[PDB]
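Enquirer: Now for the letters of each chain:
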Amino acid sequence: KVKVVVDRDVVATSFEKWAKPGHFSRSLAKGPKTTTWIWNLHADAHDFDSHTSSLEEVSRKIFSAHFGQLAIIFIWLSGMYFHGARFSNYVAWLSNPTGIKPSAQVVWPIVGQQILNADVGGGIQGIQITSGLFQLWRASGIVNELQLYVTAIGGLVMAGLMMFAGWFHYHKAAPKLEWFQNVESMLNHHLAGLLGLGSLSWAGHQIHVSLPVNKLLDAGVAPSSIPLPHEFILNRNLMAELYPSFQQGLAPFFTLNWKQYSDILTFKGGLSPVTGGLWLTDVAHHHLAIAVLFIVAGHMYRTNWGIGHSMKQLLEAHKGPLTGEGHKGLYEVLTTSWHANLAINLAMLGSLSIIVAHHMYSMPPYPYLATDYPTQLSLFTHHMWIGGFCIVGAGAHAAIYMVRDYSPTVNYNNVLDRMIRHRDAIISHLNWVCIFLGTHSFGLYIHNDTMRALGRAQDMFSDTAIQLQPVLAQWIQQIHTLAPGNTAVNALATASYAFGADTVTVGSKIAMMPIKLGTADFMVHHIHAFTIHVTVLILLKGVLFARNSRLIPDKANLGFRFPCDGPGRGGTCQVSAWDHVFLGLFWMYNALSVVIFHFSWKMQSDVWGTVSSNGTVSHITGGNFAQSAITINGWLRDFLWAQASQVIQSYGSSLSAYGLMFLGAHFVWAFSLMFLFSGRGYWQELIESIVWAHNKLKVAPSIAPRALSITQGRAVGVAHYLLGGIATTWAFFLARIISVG
Amino acid sequence: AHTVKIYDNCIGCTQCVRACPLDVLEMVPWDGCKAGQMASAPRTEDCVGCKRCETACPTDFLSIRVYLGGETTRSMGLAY
Amino acid sequence: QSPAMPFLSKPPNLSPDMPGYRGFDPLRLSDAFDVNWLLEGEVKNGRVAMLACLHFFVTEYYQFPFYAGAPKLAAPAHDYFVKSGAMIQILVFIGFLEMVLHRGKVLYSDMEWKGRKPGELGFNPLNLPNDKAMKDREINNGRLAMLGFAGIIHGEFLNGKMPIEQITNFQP
Amino acid sequence: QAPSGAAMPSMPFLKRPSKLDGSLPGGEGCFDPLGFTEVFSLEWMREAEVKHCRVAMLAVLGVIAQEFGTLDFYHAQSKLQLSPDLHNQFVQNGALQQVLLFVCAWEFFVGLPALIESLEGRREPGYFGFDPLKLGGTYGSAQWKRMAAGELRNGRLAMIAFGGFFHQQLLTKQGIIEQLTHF
Amino acid sequence: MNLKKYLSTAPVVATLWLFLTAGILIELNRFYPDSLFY
Amino acid sequence: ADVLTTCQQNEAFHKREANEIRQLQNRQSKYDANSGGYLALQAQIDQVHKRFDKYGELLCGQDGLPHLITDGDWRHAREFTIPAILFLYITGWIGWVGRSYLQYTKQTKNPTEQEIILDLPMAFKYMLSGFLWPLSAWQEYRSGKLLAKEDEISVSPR
Ligand code: CLA
Ligand code: CLA
Ligand code: CLA
Ligand code: CLA
Ligand SMILES: CC1=C(/C=C/C(C)=C/C=C/C(C)=C\C=C\C=C(C)\C=C\C=C(C)\C=C\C2=C(C)C[C@@H](O)CC2(C)C)C(C)(C)C[C@H](O)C1
Ligand SMILES: CC1=C(/C=C/C(C)=C\C=C\C(C)=C\C=C\C=C(C)\C=C\C=C(C)\C=C\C2=C(C)C[C@@H](O)CC2(C)C)C(C)(C)C[C@H](O)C1
Ligand SMILES: CC1=C(C/C=C(\C)CCC[C@H](C)CCC[C@H](C)CCCC(C)C)C(=O)c2ccccc2C1=O
Ligand code: SF4
Ligand code: SF4
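Residue numbers (the entry's author numbering), protein chains in the order written: chain A, 8 to 748; chain C, 2 to 81; chain 1, 41 to 212; chain 2, 34 to 216; chain J, 1 to 38; chain F, 21 to 178.
By construction, these hints were calculated from the structure, which means they are not laboratory data.
Some hints here could point you the wrong way.
Which bits of chain J does chain F cover? Going by a derived footprint, with three or more residues having C-beta under 8 Å, they are [unchecked claim]:
#, stretch
1, 7-13
2, 19-32
Pair ranges (Cβ atoms, derived) [claimed, not checked]:
#, chain 1, residue 1, chain 2, residue 2, range
3, 2, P117, J, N2, 50 to 58 Å
4, J, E27, 2, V72, 35 to 43 Å
5, C, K6, J, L20, 51 to 59 Å
6, A, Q188, J, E27, 51 to 59 Å
7, F, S176, C, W31, 53 to 61 Å
8, 2, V72, F, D52, 52 to 60 Å
9, 2, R189, A, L300, 45 to 53 Å
10, F, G118, A, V13, 35 to 43 Å
11, 2, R189, 1, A115, 30 to 38 Å
A few chain F residues that face chain J, going by a derived Cβ cut-off under 8 Å, partial list only [unchecked claim]:
#, residue
12, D66
13, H69
14, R71
15, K74
16, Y75
17, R95
18, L138
By construction, the Cβ of each residue, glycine as well, lies at the ideal position given by its N, Cα and C atoms.
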């Protein structure tokens, strides 16, 4: 039943089609008469289900394209390891993690740009990196440049293998549709094989390499004097000195005397007082426990031996009296539509990136990460953005599913059909919740700005006036503080010092400490609730009305991506599902901008800073969040104005690139408004006059110049808006935190 | 209501009539072109002004033209 | 098939009638550019390099005027006579000759070969025999002079030493 | 017992590769167990093998010749020929810089045109028609095939031999001839 | 011949020509830095 | 002229030279002579001297920065006039050979195909023929080949 079936030598390896731009499309293969064709070529290149009607041929392109993506990721990773090996102060940084700034990019001396080679320490000049690679490599037990070089070479070999495999599984051995539709098998393998064995094999690295290398580093042994990882594997006495359980070997594992591994596998919680990172014995044990969970989980689904669940039977069984046919059809939906799967998978991967952002700052997993404030701020912010983009993508592919792949026959009185049948109730209620949240969240800031401006501080929503205590969040912090020895009896310390208990310092710098929630924190949380509900409104409205509305009863026929259905019916600009995604991007940008600003200011005000010999905490912005973050004026003045000081004063320093990129990003953002605020009708008419001048001088091109399509105008607009807006914050953040952190 | 006009360069291709989602238009006999038929706009009280007809018209310039006029429940496409 | 490189196929646009043909074009520049232009360019670059190789050789004790007393150092010499305003007179005179010899059609787009094979600029005052293997003798001397000149100037840049002194008994 | 159809002569248990028919000079065995020729161009692989053969053979003889005696003006401090120490010296001398130039010149102006000709199918891989002394005979004869088979067998041996040379010198820190004489 | 047609496509020739152009300008500024006048 | 003086004789200009060396030396003080950090910073110090010496001949404002004169005065020809002529020669070349190639493509069977897939031999032919573009352009102008006739160019209704 679960079988490998491929077609052999299915596509000849020829440059013929490389010399035929737009070969993949019947509409484009004929070549350009206008410049619109050039844009269309790029816009359509990866829209595989538009090229062919064959689900098999789409599936095979996807599988092969995926290998292309992994090949590129391997080149990028390889690059990061090679730059570490060749152009970094990593080895020097290992000997002084608190004093030396990580640097793995050196610029060439040309037109004076060598100013960007900063005095980072460790006997090089270069750009200070915020990716946290050094903290990752230190956690992995890498102590020398040979180990980084060999990883970089290994990366290039994996990139090569991914390219071969992509080529091979498209041109030589292309799996049939029935191969791809093995969702039960795929999930067993991905759960037990990818995640389970990934976590098991990584736990292996941690126990055998990371643990011994980091224990000796944390004791203060010179990284050159540390035995190479293989010596811990070869000489068991070496390992037994560090972790005595290694005397008893594997006998305690097979005999279920697992308490013998209490040294290597712990439940300490909290952080190393040395590194300000999670105890690697906690992480090794986490990865062992997760590995088992995943290997067990990947035995759920029926393959070739009778045992296991039919996902079809599971879905169809989950039927109640309020939800019609329940999950009937969804197995067919998810085995016949790539877009349906991409919708779910982007929602979860995006949501995961956001969970990772929160978990990694609060439970700093890498040694010397917590007190590398540039890295902490960068990693949180980065993973927030990746998460946001993925969630908006989920909206796009959910809507593409609704237009292209949805059938009423498959979705007959199932949860999907029933949702469409009360889309008016869903969207009216969510609309209401957005107005309720917006008025009662943003309104509190405006109330406060007004009362403060009128000299009425006693009339404000604040810790010192009308208090809005986040009592439920405060109560949960208390429970998590009281957990160790109580509801987590074997846990020695809290999961996170963010919840309560001690201030962890590395040198003088604060790694983590209790993040106290007051009126300012209550207010910004309701802004986040607000910005997320609106983004959901836009994207969900896009999905539920993708196929039709009362305005456009045949919207599915017009497609996913179309500018409008003309100025009639009062005007139908931006009715398409694509246009909902377009609007969703701005709100995602709005939502996440406020999240990373909340993060930056709260951490600087209330968490990050120095602890003196006396033991008094001095925060970077000295606790100004509680009284400043309850007005918009406080955000403008005490956050943007005050913290922009570093980026705008960066000229003539090693941070001058951030100053330039700050202005460059503002430029690109502003430039975006030209596309967003205008319409192609103006531009096509302007081009007519310019074309006249070229005709006059007999220099008009045969490929007729066209204004961008209405949709491309919007695509260009939002792309420059996001690039400009995000890159501005990037330059602001990095200049700020590299200076003050 | 919107005004829909058909000019004499109509080649009777029927594409405007096929495109109209409100059944505003129909093909009528006519000796003026080889097709032996011309677009007609007898039901412009139902015209929403979407200009799908103009989009469909292959003649240069357009043989069918929609002049957006006074708005009505029907022309605004209102289901309330 | 190529006489010079038998393992490679013959450059199609080249022909044995052309002077100094060995069928030597591994990069296939004769496919990229019109052969008549390349042929004209080859013999010209030759003829210029030929005179350049003699200039450096004859610069020893053969007609030094009352406007002599300048070093043979390539870059310092260039800088001196440009400042003097002698090189600008030579530039316009070479510019004049180029327009006269090619009779206006000087561009790669414009230059034509109506009743003249590439190299035939109609300069034969002594009236020595042309249409024979004499063209191959010009080419071989021109090709050798181009590499020759390259050998002179690079020797002049390396150790700042005289072209003819190098081939006595000296090593770096 | 053996497999059903044509079996690989070199490995009688494995099926014969589709492209390797035993006709090639040094490919009577049809030796391709991992099935590279099944996925990759034979003309490419053959060009690479013969190139490696000729580079390796010069390099193995080079090591032995340089061990026995080096030139005076080349002040060779290291007696280990496949050491970083010696390699680094003759990069800084500009000796390996010079031969890199003419190797790079060959590969770009000869080797790459020659490879492209072979992929088009207008050149036998490794053929530069270089036989001044005529120690091969006429191109395609039984004498030529014996020498072609001889080239690969000598080259394949040198390729492997150079592995032994490098690795043994890296452990012992002794000459290849020095190692043979002293244990 | 098809590979050469590909290498003649707008984006490849633009990339290679602007690479060459950028190289010349970069190399001129390496050897003749800080040229504010002729 | 008090507003502009020769940079050589300008105290603010000398002060800027001293400040830029001091900043580089304050950085250099944290490195140990033979180090790459020292040598890199020393290279920059050497080029600071060479730059300020080079710009000495320019006119300087009270700011101590070189100010360019672009009024046509031949004493400042090197600042604008010569770079201006060079600019127009290069871009006139680019424009001319572009027009030449475009005119070639309109004689071919698929003109649009020759705009996205270049005829490289023909592109090279026109590119290498740009060096006398002002004469070429003059000859096309004189011959009535430069400009299209008003009759033959499409316009919208007035
Ligand atoms: C143990 C079995 C196994 C493993 C490890 C994987 C892993 C993967 N599959 Mg899955 N797959 C499997 C079985 C497995 N598959 C089966 C049985 C089916 C058919 C039912 C599929 C059908 C399938 C499809 C249709 C797709 C995937 C994709 C993927 C990749 C998802 C992206 C990612 O997370 O990159 C993680 C990357 C890495 C961990 C690095 C590369 C790992 C390579 C491929 C080797 C790993 C296994 C190997 C045995 C390791 C040896 C260890 C060594 C020490 C000896 C991932 C590499 C997607 C993809 O991207 O394909 C290219 C994709 O589209 N799989
Ligand atoms: C500051 C800029 C700004 C503001 C204030 C708004 C406001 C709104 N947007 Mg818009 N939006 C914006 C920029 C903005 N947007 C931009 C740039 C875009 C393009 C990407 C959009 C695209 C967009 C989409 C696609 C959607 C929204 C929606 C919303 C509404 C969200 C629900 C809500 O909170 O209503 C309440 C109003 C506010 C929060 C604004 C101020 C409230 C004050 C402080 C309290 C009330 C004051 C009182 C009544 C005043 C009396 C004074 C008077 C007597 C003089 C809200 C009206 C969504 C919506 O309609 O949700 C239902 C929606 O789907 N917007
Ligand atoms: C160094 C490069 C090299 C290359 C490119 C080739 C290429 C070729 N060989 Mg040759 N071969 C080589 C070295 C090489 N060989 C050496 C050193 C020997 C002596 C053992 C041989 C012995 C041999 C025989 C007897 C035959 C061939 C044949 C061939 C042809 C078909 C098989 C093939 O596709 O191999 C592709 C080979 C490679 C891509 C190189 C190997 C790459 C792997 C990944 C290297 C590492 C593997 C592993 C770690 C090695 C150690 C493992 C363990 C044993 C310790 C092809 C032209 C057949 C032929 O038809 O001849 C005309 C044939 O019958 N080879
Ligand atoms: C051979 C190419 C060529 C030539 C000779 C011209 C000439 C002209 N352009 Mg046009 N233009 C071109 C390409 C060209 N353009 C391209 C590709 C675009 C799209 C970006 C434009 C967009 C454009 C606009 C928007 C305007 C002009 C205007 C003008 C006129 C005023 C001068 C000017 O502004 O130029 C400077 C031109 C630009 C800054 C635009 C970009 C020029 C590109 C980069 C040059 C491309 C060269 C080409 C790739 C060479 C390939 C040749 C090779 C294959 C042999 C002049 C008639 C103006 C006008 O109408 O004046 C009356 C005007 O407003 N052009
Ligand atoms: C040739 C050819 C082209 C053809 C372009 C052809 C038709 C151009 C048409 C021009 C029109 C008709 C009138 C031009 C009017 C010229 C103006 C009126 C310039 C006045 C000078 C100022 C006033 C400088 C003053 C000054 C100077 C003197 C000295 C400075 O220092 C001070 C200032 C103050 C700047 C292309 C486009 C195909 C590209 C190809 O590549 C080459
Ligand atoms: C980096 C280094 C440099 C030099 C590095 C460089 C060139 C060294 C490369 C080493 C290679 C050549 C090893 C080769 C590995 C050989 C394998 C392992 C043999 C196959 C496996 C067997 C076993 C199968 C055979 C057989 C089969 C086929 C048939 C059977 O019948 C019999 C057996 C017998 C088994 C410098 C000097 C430039 C300076 C730099 O600073 C440092
Ligand atoms: C500015 C603007 C334009 C005009 C912008 C256009 C037509 C795009 C400009 C094209 C750029 C400049 C690329 C063209 C460059 C050529 C490919 C030549 C390249 C030459 C070398 C660099 C290789 C629109 O068409 C438009 C349409 C709808 C809504 C808003 C707008 C809008 O805001
Ligand atoms: S303004 Fe643009 S998007 Fe809106 S109806 Fe008109 S054509 Fe369509
Ligand atoms: S689409 Fe235009 S040409 Fe065709 S029938 Fe309608 S009005 Fe006439």
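Enquirer: Check each numbered hint from earlier against the structure, then list the numbers of those it violates in ascending order.
Expert: 2, 3, 7, 10, 11, 12, 13, 17
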